[PDB]
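> What follows is the residue order along each chain.
2 protein chains.
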Amino acid sequence: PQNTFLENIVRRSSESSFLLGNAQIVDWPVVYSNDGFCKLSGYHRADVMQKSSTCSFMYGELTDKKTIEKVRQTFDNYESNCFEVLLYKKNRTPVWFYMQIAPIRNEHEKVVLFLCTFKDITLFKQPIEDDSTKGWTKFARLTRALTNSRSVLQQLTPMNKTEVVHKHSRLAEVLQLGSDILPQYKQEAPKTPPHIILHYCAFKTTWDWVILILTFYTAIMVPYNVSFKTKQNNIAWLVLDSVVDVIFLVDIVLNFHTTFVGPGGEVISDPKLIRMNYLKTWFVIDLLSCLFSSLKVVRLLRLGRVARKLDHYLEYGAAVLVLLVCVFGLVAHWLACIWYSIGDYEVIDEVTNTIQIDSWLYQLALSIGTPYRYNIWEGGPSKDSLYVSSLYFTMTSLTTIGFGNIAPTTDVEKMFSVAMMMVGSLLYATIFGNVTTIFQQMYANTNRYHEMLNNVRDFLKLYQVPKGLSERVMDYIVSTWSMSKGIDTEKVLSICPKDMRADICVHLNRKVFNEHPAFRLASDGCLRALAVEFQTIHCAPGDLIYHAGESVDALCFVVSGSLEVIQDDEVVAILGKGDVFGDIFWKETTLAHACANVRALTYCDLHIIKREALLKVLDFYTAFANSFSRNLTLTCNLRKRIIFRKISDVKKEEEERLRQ
Amino acid sequence: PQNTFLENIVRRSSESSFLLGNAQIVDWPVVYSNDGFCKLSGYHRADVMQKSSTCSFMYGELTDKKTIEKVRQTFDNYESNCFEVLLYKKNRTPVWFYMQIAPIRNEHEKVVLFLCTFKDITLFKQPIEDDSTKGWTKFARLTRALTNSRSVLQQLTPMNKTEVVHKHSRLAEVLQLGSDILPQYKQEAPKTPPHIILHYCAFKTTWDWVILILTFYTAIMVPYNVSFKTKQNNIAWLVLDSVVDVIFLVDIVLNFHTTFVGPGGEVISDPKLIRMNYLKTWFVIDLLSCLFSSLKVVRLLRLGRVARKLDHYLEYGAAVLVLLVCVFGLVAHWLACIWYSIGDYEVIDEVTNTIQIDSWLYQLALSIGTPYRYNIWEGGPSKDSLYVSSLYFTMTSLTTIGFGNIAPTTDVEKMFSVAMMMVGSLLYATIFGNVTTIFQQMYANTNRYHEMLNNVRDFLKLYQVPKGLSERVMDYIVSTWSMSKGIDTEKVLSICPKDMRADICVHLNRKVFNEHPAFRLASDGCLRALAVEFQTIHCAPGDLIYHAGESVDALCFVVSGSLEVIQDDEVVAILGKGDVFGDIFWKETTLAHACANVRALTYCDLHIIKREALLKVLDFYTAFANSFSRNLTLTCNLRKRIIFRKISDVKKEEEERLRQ
Ligand SMILES: [K+]
Ligand SMILES: [K+]
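Sequences listed follow chains B and A, in order.
Going by PDB author numbering, the letters in the first sequence line up with residues 11 to 301, 320 to 403, 408 to 692, in that order.
Going by PDB author numbering, the letters in the second sequence line up with residues 11 to 301, 320 to 403, 408 to 692, in that order.
These aren't lab readings, by the way, just hints derived from the structure by calculation.
Note that CB positions come from ideal geometry on N, CA and C, so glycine has one too.
Treat the hints with care, as some may be off.
Straight-line alpha carbon distances no greater than 30 Å define the calculated DSS-like cross-link-like pairs of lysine-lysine that follow [what the hints assert, rightly or not]: (1) A:76 / B:517; (2) A:609 / B:493; (3) A:76 / B:678.
Looking from chain A toward chain B, a few residues come up when the C-beta cut is under 10 Å (computed) [stated by the list, open to error]: (4) 45; (5) 457; (6) 464.
Footprint (simulated), chain B over chain A, 3 or more residues, beta carbon under 8 Å [stated by the list, open to error]: (7) 249–260; (8) 506–513.
Pulled out of the complex, with its shape left as it was, chain B reads as follows:
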C-alpha cells in the first residue's frame, strides 16, 4: 500500500515545474518545489518553501492587477483555472508564465494540495523591460528564455501572426488533464491495467492447486496408457482427457495476464514485459498441451510446468515430507511402466513366433497358474495383475528389499536394472538426507532445553549444592521454560527496527500504562521512551526482591500477585495488584539501604524500571516529570525506617519496673 503521488505527477509531466502547495493553511505555503522550477525561476529549494503557493515572491514593478486578484479568488474557492501572469526572477528578468492552478483531493474530497505547474512564455508575448540600454536585448531574451519551445512544444506549424495556437491550445486542457495529471493523494493499492490478473490475489491460488491436481493425474495416467495399451471408454475417459486439455489450454491463455515479481523490486504490471518474459521463458509448456508415444511423452513436461511454481505450495517442513512420498510413489510407477514395456517386448519372439523362456512375464505366468496358449499366441495373465506384478518388482528394487521371486534374467532386464539401481540409490540418498535435516530442524527446539537442564543438574551435583537451593533452581528453570518455551524477547526485539520495537514494548507493558494514575498525562513520544527501559521479572514464593542491606535502585510496579514487606521480623505492608514500591529517585539523588525484606507470597509479576534510565528519561521531557512527581505515591517507601515497639518489649519493661 504505497502513497505514490510524486511519481504519477512527473511521469505524465515531461519536464514540468510543478509547485505543490498546502491548501488548508492560510496564504497556502509551498510544500514541494520540483527541480524544474529550480531553473525557471533561479530559486533553490531553500527559499521557495514556506512561501505562498500563489507565487507572491516573484512579483515586482511590472505585475498587473488583472489576474493577481483573480488568482487569489480562484485560490479562495477550490477550482482549477488557467491564468497567465508576468513574473520577475532571481536575476531580475521579467518573463511571462502560464499558471495552471488545480486542486488535488484526498481519499474523501477535501482539497489538500494545489498543483501549480508553470510554463515559460516569452517568445509568445510582447517583451517589456525598463532597465535596458538597447531594444534588441528584449528581442534576444525572447529566444533565450523560450529555448525548449522552439523544437517540440508549440512549433507544429511555425509561422508569424499565429498567437491563437498559443492561447486556446491549452486554455481548457486542465480538464483534459484531469486523468493525465491530477492524481489522488491516497494510500493506493497496486493498480493494474484493465483485464490483468494479479498472482497474489485469492483467485490464482485455486487455479494453482487445480493445476497441481491435474498434473498429478496426468503423470499417473499417461505412462499407464502409453504402456498398458487400453481402449477408450468414451463416456468416462475421453471426456476427462478433453476437459483437462481444455483447462490447460485456458491456463496457457491466462498466463499472458499474470504479474511476475521484478528481479530487483516488486510486481511489474506492464503487459509488454510480461509477454516478453513468457516468450523468452516458457513456451515449452505451450508446446505440450497443443497437438501416440511421442505426443504423450512430450505432454509429460506439464509436470515440469507445475514444478516451476514449487514455491507457493511448498514450505521447509512437513510439506517436503509429503512431497518426498508423492514423488517416490510416482517414480515407482514410471519405472513400473518402463519395466512392463521391456518385459512385454521380448516375450513372443515374432521372428520365429516362439515364447522366450528366460523372460519375466513367462516365469510369472508359470508361478501364477495361467499359461500362454497358441491359437497367434493367445492371452496369458490378466491385465489387472500385470500392473500389480510390475509395480511389485519396482517397489522391491527401490526400497532395497529384493525378494527375488521376480528378477531380471534375459539380457536387457539386467541392462535396465543396472540403470534402475543408480537412480534408486540417488533417490534414496536424497530422501534420507532431507528427512534427517527436517527432523534435526524440528527437534532442535527441545534439544536446547534438555541441554540446559542437563548442564544445570551437573553443575548442582558437582559442587554439592544443598538440597534447598538445588530444588529451587531446578523448579525455577522449569517454571521459566513453561511460559517462555524457546522464545526470548531480546533476540526477537533485536531484529526489529527502532519504530516498531517501541510499539511492541509499549504493548508489552500495557498493564502499567493503563491502570495507573501516574501514566495519564503522558505524551506518546514519552511512553515510547519509558517502555523501552521497563524490564520484567517472574518471582516465585519465598523469593526476596530486596534484602535488608541492598541498594534500592529500581522502581517496581506489581501487576499480578502479592508481596510482603517484613521489618524486624514484623509484617508492615502487604502489597498487591497495582502497588508501587521503591525509592524516590528524582528528589533525593542518593542511593539508600533497603530497610525491609520484600518477600513474595504468590507467583508474582513485577515491572521494573532502573534508576539510571528513569532519571535519564525524566531529565529530557521536563514536562511529564512534574506530573510524575505529583501523581505517583509509593505504597511502601524502602528508605524510611518505621520505628515501633512490640508488645513483648512493653510487657518486659512493665515487669522490670514492677521488680524495682
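Position chain A with the ligands against the provided structure of chain B, taking the given hints into account.
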C-alpha cells in the same frame, strides 16, 4: 507452596472493606486496606497505612465511649467480636459502621493479623448531624450512604419498624464465618475438595505404569486372538481378560477425579471444569472398554489412550531409544497378524473346494514336510509354526533384508506388500532420524573438548612454541577439563535470577567466609555482595601468580595448597591453607609493584577478589569496613621490600677487610 491469604478473603467477601492490621505491634498498625475501604471512608492507600487498626483516625465530636473502650478491650485479649460504632469521614460526614474484628492465626496459633471488615450502616440507624441547615439533609444522607443495602443486603422483607432483622441477623455471624472468612496465614499446599486425586502425587504414577503395561499386553494379545482363532482356556485367559477390563473401567471412573494442568497456569482443582474437559475430549477411551473383530479393533484404541500421556513416561534420550524398539516390535506383530489373515483367506477356494497353489501357506506347507489333506480339508502346519513363519516374513520385509523364501505371489499379497513397503520405509526413516539426533545430542558433550584439544595442538604446532610451554598448556587444558567437564560457571549462573545467584555464590565461597576471622561480624546483605565478586583460580606447580614487576590489584585467599614467596632468589614466606596475601587496598589508594615472586609448590586453590570490587563494596557498607580493617592481617604483604644480607656477602666483606 503458596501463601494465598488475600485471595481467600476477597472471594468469600463479595465487595467488603476488610482492614487487616498487625497485632503484635502496639497500637496495631494497619497493614493492608482493601480498595472497598478506599470509598467507604474517603481515604486513599497513603494515610490509612501505619495508623491504628482500631480505626482511631475516623473519630471526632460524635463518637461515644460505650464501645471505644470495649474496642480496646477486645483488641487487648485476642477474641472476635461484633461491635458497632459511629465514625466520621474524610468529608466530615458522620455515619455508622458495623465493626467485625476477628483474629487470624499463624501455622502455630499466634494471632498475627486482625481482620476488621467494615459495613456501612446509615439507613438502619437514627441520623445525627450538627452542621446542617435543614433536617431533610440527614434523611437524604440515609439513602445516599446505604445505596448497596437497598437491593440485596437487608431487603428480604422490606418494611418499617423492623430493626430486629438488622441487629441479630449478623450479630453472631462471626463464628458462622469461621470457615467462610477466617483463613490461616500459612504456607499452604495445593488444597483440593474431598475425594479428588492429584495427578502429581505418588499414587497416580503406579496407575500410569500399570495402564502402560496392560496396554502393551492388550496390543500384543488382541490381534493374535482376532487373527489366530483360538479357544478359551477359562482358568488362565478369561480371568485375565475380565480383570483387565475391570481395571480399565475403574481407570475410566477414576479419570473423573483428576487435576489437569491449566492452559495458562497451574493445577485447576474444579470438578466442573474437569468433567467438562473429559466430556469434551476423551470418551473415545470410554467407548472401547465397555461393550468379534470390530469390538477388539475398537478396543485397540486403548493404546492411543496410553499414548495420550506420553509425557511422564518419556524423556528425550534413552527413553526414545527404548520406545523406538517397543513400537517396532509391535508393528512387526500387527503386520504379522494381517499377513496371516490374508494368506489364510485364499488357501482353500471354498467356491470349488480346491487348494490354491499360488498362495504362501501352501508353498510353506510344501517346504516344511506337512501337506494338506482332504477328509473338508484337514489340518496342515501346526498353530505354533504359523505364527513364527508369519512374523519371519514381516520382520524380513521391515528390516529390508528380504530372504525371499516366503514371498507374495498370488494377486493380493502383492497388493498388501506394496502398502507394507511404504509404512516400513516411513518407520525406518523416522527411526534412523531419531537415532542420529539422539546420538548427536549424547556425544555433543565430548566433541567440544576434543575440538578444543585439536585447536590448541594445532596452534602450538603452527607457531613452533617451545616444548616447555607446549607441554604446560597441554597439561593445563586436561587438568581443567578433568574437574569441570563441560560445566561452566558463567553460563549456569547467567540464567538464574539475582536472588539465588547470590546464594549459590555464597555457597561456592564457603571456605573463605567460614574459616577466616575477618568474615565474622558481617551482615548477610554484605556477604551476598562480596561473594559475587570472588573469583577462583586453579594454580599448578611452578606457576607464578605475581611476578617481580606486576601490579598487586587483587586480594587472594589460599584455601588449599602451598605457595612460596621468593625475593632475590631467597625464600621469605611459605603460605598455605588459610593465609591471605596481597596489598592493603583500603588504606593506600595507590597500586604497587610486586616485590617478590609468588610461585606454587602444590596444586593450589585461590579465591581472588579484585581491588575495584573490594573498594566498591567497602565504600557502601561503611560498618563492616572497620571490622575488615581491624581483623584482616596479611601474612605476606607484597608491597614492602624486605632488606637483608646473605651470609655470602658478609663473608666476602670480611675477606675484603682482611685483604686491606
Ligand atoms: K539398507
Ligand atoms: K536387501
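> Work down the list of hints and note, for each, if the structure agrees.
Hint check results:
no., hint, result
1, A:76 / B:517, "violated, 63 Å"
2, A:609 / B:493, "holds, 25 Å"
3, A:76 / B:678, "holds, 28 Å"
4, 45, "holds, 9 Å"
5, 457, "holds, 6 Å"
6, 464, "holds, 7 Å"
7, 249–260, "violated (count 0)"
8, 506–513, "violated (count 0)"
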